[PDB]
Amino acid sequence: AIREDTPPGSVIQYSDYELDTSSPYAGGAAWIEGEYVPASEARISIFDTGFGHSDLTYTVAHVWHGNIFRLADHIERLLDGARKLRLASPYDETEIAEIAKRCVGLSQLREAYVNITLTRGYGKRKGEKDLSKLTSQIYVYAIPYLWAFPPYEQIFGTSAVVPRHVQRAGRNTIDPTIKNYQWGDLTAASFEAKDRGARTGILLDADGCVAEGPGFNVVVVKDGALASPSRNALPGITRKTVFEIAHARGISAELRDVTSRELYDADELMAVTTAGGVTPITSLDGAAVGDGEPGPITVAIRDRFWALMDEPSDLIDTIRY
Amino acid sequence: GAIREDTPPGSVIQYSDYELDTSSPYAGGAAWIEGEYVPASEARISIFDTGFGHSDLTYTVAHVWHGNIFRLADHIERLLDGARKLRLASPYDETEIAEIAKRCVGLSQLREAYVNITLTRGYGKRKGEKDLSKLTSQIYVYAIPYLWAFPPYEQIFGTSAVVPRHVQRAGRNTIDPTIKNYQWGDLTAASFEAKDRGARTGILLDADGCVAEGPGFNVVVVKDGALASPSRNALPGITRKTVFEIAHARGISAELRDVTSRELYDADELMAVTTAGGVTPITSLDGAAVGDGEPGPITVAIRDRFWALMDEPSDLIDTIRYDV
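First to last, the sequence lines map onto chains A and B. If you want full-length UniProt numbering, it's the position in the first sequence, counting the first as 1, plus 21. If you want full-length UniProt numbering, it's the position in the second sequence, counting the first as 1, plus 20.
The shape of chain A in the complex, shown without the other chains:
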């Protein structure tokens, strides 16, 4: 399915277009080992140490209405993280962008989820343990748009818990600031949230400050100001965008430690991520956040984020199909 239901008045509306049924790449495109191939066919060698050791970094960029959003920023973030991992990219920035945009083209999707993965790769002999012998492998795929939170929740908000049983991985153990596939703590959080009947969980770090959720940054709105955790959390591109919008409106937006107490005391809570953008979190721990309905500042920031996808700018590049 290349589209799914969204609220009628909503700022979020899918684009009307019919997939060609002739092209194999239509509706799913991936690029593996120097070849573009249909997503249904994409496979990687079990012996890639990025699977065996999750020795990888990734980024995802979203395309809405034919436009890729902040793709240059995402690739810059991917390469900064790889350098921290002493992981070396086979391709340069431009080359990676080139592959990504072609992928969306052959995918033929106005709305799509695009993943770029850089892994330590494999050497000649299976299971090799030497960094010297491995050569990094890049994997890129474009698939129908994916929602961290359902679109109806994007308009009307979502429910969350602070998980008691799991905490976010520390900066010195598995750095959350490098986007990674090592989701053990995050998956644990989601299981705890659904046992508690919430849709998600906001995790805390070792000192007890707010960290992030599974797949999203958390932004806390109080006294007409925005705060988001500065440590034990990814530097999300969606978060940077939300802060940019807030500064344009003249609202104070800061990255700092955020106490759990603040989380409970907040006027508005939002979850921000590349897949689905800006989500109101209307309830925390079974209790209403403020009114119980999406906060006005959250509403403003979300509505302008979706607007940004359509207005022409440096941030959005038009995919050519």
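These are computed hints drawn from the structure, not numbers from a lab. Ideal placement from N, C-alpha and C gives every residue a C-beta, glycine not left out. Hints may be right or wrong, so weigh each one.
Stated by the list, open to error - Covered, in the sense of this in silico footprint (three residues per stretch, anywhere, with C-beta under 8 Å from a C-beta of chain B), are these stretches of chain A: (1) 72-83; (2) 201-213.
Said to hold, decoys possible - Below, a list of computed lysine-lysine pairs in the BS3-like style, where the Cα atoms sit at most 27 Å apart: (3) B:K154 - A:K215; (4) A:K215 - B:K105; (5) A:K105 - B:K200; (6) A:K200 - B:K200; (7) B:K261 - B:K105; (8) A:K105 - A:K145; (9) B:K150 - A:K215; (10) A:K150 - B:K200; (11) A:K200 - B:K105; (12) B:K105 - B:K200; (13) B:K145 - A:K122; (14) B:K215 - A:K105; (15) A:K145 - B:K200; (16) A:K200 - B:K154; (17) B:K150 - A:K122; (18) B:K200 - A:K154; (19) A:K261 - B:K150; (20) A:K150 - B:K261; (21) A:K200 - B:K145; (22) A:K261 - A:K200; (23) A:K200 - A:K150; (24) A:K200 - A:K154.
Using the hints, position chain B against chain A.
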């Protein structure tokens, strides 16, 4: 591939000499994926398996020496116990998994081999579905030429380690070390730090400052003729289990407990235990000799008897039928 490698001449570690029959494609590497056996060089999985995207998986590794696979049932029991902890459900049963693992070793034709069984959350027909129930779990098994966490000459003569200043092992409440996982971020950072310091490995610490499993290996500390190994934040190693059993048969006292870092420095002998290569002395820590700087008596005894264990008939060993 190379079925063998050089081993020290006096050493208890000697490869079995045979030659691979080059006719078969499976010879030298066998794998089982999506319901069919395939040559290892051909083994691949869908990018969309959530075992990659989220590393939502558990695994175990068994070693084959001189034609016999070692404690394979214990390994499969541990894998599925962890899977139950992860709310991960296996498609195939205990017997079925053992059946596939041993067939992989047979078609491999390796009398010395590395066998991996991996259980993953898998992939829904929809690409990247977040719904747990919509996904269907996958079992992947592969048998490949033997791999050494430490080189055999290092098994006989010892190895070097540091405790990293910059990295800690993931805690029980973040990514459970007690479940075998591919989430090696902390472990990889540790190996990098040891290389920069010029040691071959690193012994990690937990949040309280107690010893934690070194990457790909449990740590055993010998002091005053007794064995201690970390009880919290270390995988329950089968090699460690065996090392403890041998210690009991020899009348050496062995306990699973918290080990303070100072204890690590104060030790008489240090050993590293894992399935891939067994028992390794750690002669030097942080660039200083551990005692004599030579493999410890207790360590040597348990190492030699471990390898001997591979050859004596027992319930621990099952003979692989390479006929196929």
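Status of the hints after comparison with the structure:
1. For the region 72-83 of chain A, the proposed coverage by chain B is satisfied: 5 residues have a C-beta within less than 8 Å of a C-beta in that chain, meeting the threshold of three.
2. Counting residues of the region 201-213 of chain A whose CB lies closer than 8 Å to any CB of chain B gives 9, so the stated coverage by that chain holds, three being the minimum.
3. Taking the CA atoms of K154 of chain B and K215 of chain A, the gap is near 16 Å; set against the 27 Å cutoff, the hint holds.
4. The hinted pair formed by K215 of chain A and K105 of chain B meets the criterion: a straight-line CA distance of about 16 Å does not exceed 27 Å.
5. Pair hint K105 of chain A plus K200 of chain B holds up; C-alpha atoms about 25 Å apart against a cutoff of 27 Å.
6. Taking the CA atoms of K200 of chain A and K200 of chain B, the gap is near 22 Å; set against the 27 Å cutoff, the hint holds.
7. Among the hinted pairs, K261 of chain B with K105 of chain B is consistent with the structure: their alpha-carbon atoms are about 21 Å apart, no more than 27 Å.
8. Restraint check: the Cα-Cα separation between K105 of chain A and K145 of chain A comes to about 25 Å, which is no more than 27 Å; the hinted pair holds.
9. For the suggested pair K150 of chain B and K215 of chain A, the alpha carbons sit about 13 Å apart, so the restraint of at most 27 Å is met.
10. For the suggested pair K150 of chain A and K200 of chain B, the alpha carbons sit about 18 Å apart, so the restraint of at most 27 Å is met.
11. Between the alpha carbons of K200 of chain A and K105 of chain B the distance comes to roughly 26 Å, so the proposed pair stays at or under 27 Å and holds.
12. Pair hint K105 of chain B plus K200 of chain B holds up; C-alpha atoms about 11 Å apart against a cutoff of 27 Å.
13. Proximity of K145 of chain B to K122 of chain A is assessed by CA-CA distance (about 25 Å); at most 27 Å being required, the pair is judged to hold.
14. Restraint check for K215 of chain B and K105 of chain A: the C-alpha separation of about 16 Å stays at or below 27 Å, so the hint holds.
15. For the given pair, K145 of chain A sits about 26 Å from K200 of chain B by alpha-carbon distance, which is consistent with the 27 Å threshold.
16. For the hint pairing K200 of chain A with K154 of chain B, the CA-to-CA distance comes to about 26 Å; that is within 27 Å, so the pair holds.
17. In summary, the hint linking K150 of chain B to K122 of chain A is supported, as the alpha carbons are separated by about 25 Å, within the 27 Å threshold.
18. For the proposed pair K200 of chain B and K154 of chain A, the alpha carbon gap of about 25 Å is at most 27 Å, so the pair holds.
19. Among the hinted pairs, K261 of chain A with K150 of chain B is consistent with the structure: their alpha-carbon atoms are about 25 Å apart, no more than 27 Å.
20. A threshold of 27 Å between alpha carbons decides the hint, and for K150 of chain A with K261 of chain B the separation of about 25 Å falls inside it, so the pair holds.
21. Between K200 of chain A and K145 of chain B the CA atoms are separated by roughly 26 Å; this keeps the pair inside 27 Å, and the hint holds.
22. Restraint check: the Cα-Cα separation between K261 of chain A and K200 of chain A comes to about 15 Å, which is no more than 27 Å; the hinted pair holds.
23. As the CA atoms of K200 of chain A and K150 of chain A are separated by approximately 23 Å, the hinted pair is consistent with the 27 Å bound.
24. Our distance criterion of 27 Å between C-alpha atoms is met by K200 of chain A and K154 of chain A, whose separation comes to about 24 Å.
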